[PDB]
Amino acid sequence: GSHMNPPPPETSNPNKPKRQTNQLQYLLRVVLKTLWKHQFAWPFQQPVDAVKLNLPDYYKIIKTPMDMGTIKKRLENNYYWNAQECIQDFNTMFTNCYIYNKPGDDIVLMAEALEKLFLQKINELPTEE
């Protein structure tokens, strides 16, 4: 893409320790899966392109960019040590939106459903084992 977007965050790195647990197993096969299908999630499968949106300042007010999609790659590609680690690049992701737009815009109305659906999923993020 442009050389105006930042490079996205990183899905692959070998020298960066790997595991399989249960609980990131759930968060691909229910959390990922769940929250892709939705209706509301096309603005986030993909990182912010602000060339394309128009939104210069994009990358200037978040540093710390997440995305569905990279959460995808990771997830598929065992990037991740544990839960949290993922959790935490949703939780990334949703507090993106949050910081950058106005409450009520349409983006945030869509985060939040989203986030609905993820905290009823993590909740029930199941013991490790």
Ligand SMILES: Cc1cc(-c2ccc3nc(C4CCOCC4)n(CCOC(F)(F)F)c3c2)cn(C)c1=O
Contents of the next structure:
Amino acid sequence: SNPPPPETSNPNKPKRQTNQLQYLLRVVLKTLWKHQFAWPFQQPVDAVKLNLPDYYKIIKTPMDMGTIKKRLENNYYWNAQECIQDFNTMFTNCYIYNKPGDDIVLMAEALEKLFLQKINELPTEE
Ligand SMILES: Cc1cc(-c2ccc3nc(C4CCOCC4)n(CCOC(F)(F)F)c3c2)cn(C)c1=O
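Let's see the other form, the form deposited with the named molecule bound, since the form solved without the named molecule is already up.
Below is the entire complex, every chain and molecule, led by the chain shown above.
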């Protein structure tokens, strides 16, 4: 079976809204989410559907943009670094699991190049 997805709401975890988190939702996530290659990354890796019985024996910290979108829209995060780390983990998971040269890796690398551009433009905290 698939594991439960990463949590997106937890009453015990404090949260805030900042201009950097709003930029991560309206600019960074929005740019990647609408990209032609977004869709393998728009929901948790479905190892059952994809017939990957080893995926969740290898990847300890799965992450995907559907999870990140909900985390931002429902204020799961305290700071922008947590969200940036989620994006970074999503990319490195892809590079750990897949063969170099697989199409999913080329897709990840195109999204990552855009992510890096957008994050360098992160606004000073207001
Ligand atoms: C290992 C891994 C896999 C994927 C990933 C995620 C979702 C995917 N949905 C499909 C197809 C399956 C058949 O029904 C139509 C959709 N593929 C297969 C085609 O993917 C491709 F287009 F990219 F080639 C999916 C693959 C996502 N990350 C992050 C992975 O590491």
